[PDB]
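All protein chains of the complex are present and in place, except for one that has been dropped.
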Amino acid sequence: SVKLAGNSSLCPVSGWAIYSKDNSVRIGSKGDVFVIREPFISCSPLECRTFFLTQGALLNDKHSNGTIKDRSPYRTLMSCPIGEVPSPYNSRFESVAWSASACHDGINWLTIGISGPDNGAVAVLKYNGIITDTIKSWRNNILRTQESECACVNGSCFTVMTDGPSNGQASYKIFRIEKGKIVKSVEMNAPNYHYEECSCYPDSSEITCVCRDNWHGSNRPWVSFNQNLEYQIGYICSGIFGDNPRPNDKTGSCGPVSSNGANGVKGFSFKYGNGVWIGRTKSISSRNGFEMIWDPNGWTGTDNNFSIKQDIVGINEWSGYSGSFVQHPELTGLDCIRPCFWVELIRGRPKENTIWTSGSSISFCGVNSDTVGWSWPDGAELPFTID
Amino acid sequence: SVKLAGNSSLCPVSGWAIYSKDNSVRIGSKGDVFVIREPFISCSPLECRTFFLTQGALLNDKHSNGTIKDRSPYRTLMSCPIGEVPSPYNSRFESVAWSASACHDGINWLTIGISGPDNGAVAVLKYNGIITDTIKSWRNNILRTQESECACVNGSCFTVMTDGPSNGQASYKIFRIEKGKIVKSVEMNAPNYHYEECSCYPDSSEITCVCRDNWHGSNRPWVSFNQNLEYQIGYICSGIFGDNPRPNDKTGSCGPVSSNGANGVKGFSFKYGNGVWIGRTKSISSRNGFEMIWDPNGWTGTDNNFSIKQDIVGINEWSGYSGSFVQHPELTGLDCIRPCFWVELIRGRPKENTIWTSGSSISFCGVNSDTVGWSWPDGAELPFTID
Amino acid sequence: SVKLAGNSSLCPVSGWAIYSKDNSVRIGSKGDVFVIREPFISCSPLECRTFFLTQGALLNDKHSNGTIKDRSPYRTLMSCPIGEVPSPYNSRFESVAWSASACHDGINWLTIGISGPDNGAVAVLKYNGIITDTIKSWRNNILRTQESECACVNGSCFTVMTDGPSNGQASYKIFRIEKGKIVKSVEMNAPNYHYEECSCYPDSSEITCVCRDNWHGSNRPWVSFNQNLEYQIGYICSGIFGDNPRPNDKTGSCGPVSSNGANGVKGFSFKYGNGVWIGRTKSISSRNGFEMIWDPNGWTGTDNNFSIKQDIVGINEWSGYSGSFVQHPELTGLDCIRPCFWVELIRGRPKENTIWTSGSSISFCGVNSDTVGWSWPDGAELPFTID
Partner (left out) sequence: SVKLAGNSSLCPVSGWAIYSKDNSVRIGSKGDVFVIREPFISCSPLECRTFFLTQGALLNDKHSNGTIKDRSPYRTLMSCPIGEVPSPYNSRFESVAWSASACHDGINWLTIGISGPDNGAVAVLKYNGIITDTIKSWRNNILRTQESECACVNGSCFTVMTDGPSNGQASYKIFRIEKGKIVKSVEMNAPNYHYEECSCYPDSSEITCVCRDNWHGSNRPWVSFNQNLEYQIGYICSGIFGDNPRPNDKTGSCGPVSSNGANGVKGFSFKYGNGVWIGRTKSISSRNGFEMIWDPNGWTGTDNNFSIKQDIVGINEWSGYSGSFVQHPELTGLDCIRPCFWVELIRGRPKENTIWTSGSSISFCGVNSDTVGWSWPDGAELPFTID
């Protein structure tokens, strides 16, 4: 086994080829499939896995009742091979968690699972499934992390955590982790910024994270840093606003866009110089639809012009969280780090008249060969028999 | 790991010994078994797997409703060990796909999965589960491929794809693929021919494909080619017509037989000089029954005489698609490439009064020791509880 | 990997320690468990597996209807780790079969599966899951084999097959098989003998089989042979009669005991010089109960005295088939071949008012440390919901 180098650049890509679809909710109508939310994908040098937060219950069973609820002692982080439904019969147990991150350094899996009370939550770090560290809430207000993969470079893995209000100034910390041990952390000096649920990826030995401002930004905040945790911060400038909810596209800002800025959804974007690939919902007001947009000056420019749009999920279909994942040269044999992404397709409450909330997933990888837009939605027929 | 040589000749065989039976539909009456169609078998140097197109739903569940439908965003290519039922608990995810092929070059699996809209479908190629190439519809009319294994020789794998009408002249291309990458393709110059759903196998370093003419042939078209994609084309001459539907046996043609020529079913045949092993339905009008026929001059001769017939499925039982698969010397230790075949046993719509359509499978391998004809049908009792 | 030597003697044992219990029928009341019968155990140098003939259906489903029937095209030989329930989710597919045998030579698994019509059945032999030979019915009257493990010595494996009447003189052949290929066979010259369902084990480089006389013997016939298939035949002499049905114990015979001799059950015994360990039902008239009896002169002596009796299943509980299996020094590290045995616990028809018939299993291994008699019965409560 060898550490992932993480020193090559992100592969430029012209479109997105479909990689996986699990059909979890459709299958769970009969099969034994976990009620889940907050899924994400992460790869080792050998395989790619879907991680997810269970609700300690199965679809179409009474224990799925009330699963709109975000945090409980029953939620667990588990994983299964990409594209398979999350079932008790094919899933690896990772951690007890209502917020999580995970990533592979080339040698072993790092998992981070946060559980405990809202006023004193504890992140448990594991390396190869053995507890290696913990970090406890420092603001006593829902310690929370990425809900997507952490990022690794040369044996060090990096993540971001938040503690404090979701509707005002909070506290954001970056962590450097080696063999599951926190070896350095820094608090970001980001007055007037808000960071939640960062999607972080490696690119030329440094980490870029695109996150969710739940306080007052309808564009997405970003933070980038080197292995020594020297960081920079900003917001994506494009008038192609990335959050949900958001206003109709118009002139943007390199600071937080206040219009429709409260609340949000976990998302991601890939930076290429001044340009950016933005993944976003199609609806400006609800978690519906998904599309990928290439905006060649969208990282630093405020106009609402863009060059490419690719459909992923139709506007009349449910979407949800989305996040980046990468495939390193050690896995692919390429000379660059390949960008991929996943989308959570949320079914049930609050929009649908069920007793439960759960998601399925789709994923795509970037390529420079021909691609096509379409809609690959969840496809389940609600309500279910338990409803 | 070593590349399959693919340079020995096809083993001559006198009969077919039963190899597998999954009983998928019988078992799915209670168990958690995927609704599937278009199954096929393919082997590595170590094992044989059943590939199949799911409908993203389980048998005896409401989401099986309407599964007579051929293409949707929910269909996925998955695989499991040969003879096992396709379940979410034992199946490997391969690709999102409503048309597919797969084969192992001795090192890794190649999978090809076509998804997207009818007017712009995209084939996603994976090698060891990593996306390696794509090819997009060139006629904007249901890009489609084998629904059986591709064929590999010395590290190159080969397949055929079609784009265009199913009731008139279409476009047919041959592809050479190395480590999941298309390295060469050619369009077949086949005016008045129609090719779909080719069953292709290697034989002495060259590829032979026997396919389905849905336009105007009740005999089967074939195409054979070397590693440089220099090809020859024709139709099986035998008056023992191979397609379904078809006329009663009589004098055949080395061109497309127009009588009952429209429509068809995926099938296969094995060429041995002027002779041919033909697998076909027993019914001339419907997908019922299956038999293997040895016709010693049937490749090139038009008479309706034959030498051996072996029963596989009784005429009063449902059959469906069939296809070739081979076992290379690297797997068997033999000094020739062994021919095997599978049969899809289709249950449900349109012939039966159910809300769903799904198949089970049987397979056989060629031998020169004693064999026997019989009927190994699906055996499920319809309708099901859900109907 | 190395061939099993098979040259050490059978370990003498004073009692039987319980090794496994699967509770298949109890579990199948809810879980997805195959309807099975004719289970048996066989070991490699690394693990022990339960083989079984499915009925291509699950317990408590309508397709379990009529499963008292012995032969059909739906029956398949499959296997799972010892002690686990036979489910579609944990079972390896082996062969299509309504009669079977299997054994590991130290390198790979040999499986033998007989399918086809009663008047022309074909045994398909596989080595490492690849078809290596076939043998076809020579009397056109239900070709049939052990329903327990074959026996291996120095890279050669041995089995017995029968063809002909079950109520009169039939034909019995011994086979020597190497890497799945029949390299020698001989027909036993056994006028007035009847052999079915042999339980064969290796002992000092030679094979001993104890079988079922369905024609006219309530004691068990035996055949022993060396690697060159030079054989001897006889019947177990003990007045402790081994078959079911049978008379009450009395003076026995070294030939077939005619009293209650018609019909029978698959069983086994272990020879130790003049002595014998006999496994048998407790009831003389029905497949109820099970016990192990040590009779120190029972192989060659006709008296009805014995020295040890150990209870296995109570007389008021259902039993069924039983068979030997061994654990070689290559697996155990012992300096002798260890005798073990399994018992099939049959539930359903004809004795119970259900639509189905299925079995669970228990197994035991011989030891010289302390043991105890008890009853470890099936434990399912019939009828089931489907009945």
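By written order: A, B and C. Residues from 1 in each chain.
What we mean here is this: a contact is a pair of C-beta atoms (placed from the backbone, for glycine too) under 8 Å apart; a residue touches a chain by one contact, two chains touch by 3 or more.
By the touch rule given at the top, the unshown chain touches A, C in the complete complex. Of the candidate positions A:85, A:121 or A:372, contact with the unshown chain belongs to A:121. Taking the complete complex into account, C:375 is the one of C:8, C:65, C:300 or C:375 that touches the chain left out. If you put the missing chain back, the residues of chain C touching it would be 17-23, 26-27, 29-33, 47-48, 81-85, 87, 89-90, 327, 331-332, 362, 365, 367, 369-372, 374-377, 379-381. Chain A residues in contact with the hidden partner, per the touch definition given at the top, are 32, 54, 56-58, 60-63, 72-74, 76, 78, 88-89, 91-94, 96, 115-117, 120-122, 124, 129-131, 133-136.
Keep in mind that, in the parts below, only the chains that are shown with their structure count from here on.
The mean-CA centres of chain A and chain B are about 40 angstrom from one another, to the nearest whole unit.
For chain C, residues touching at least two other chains, in rising order: 89.
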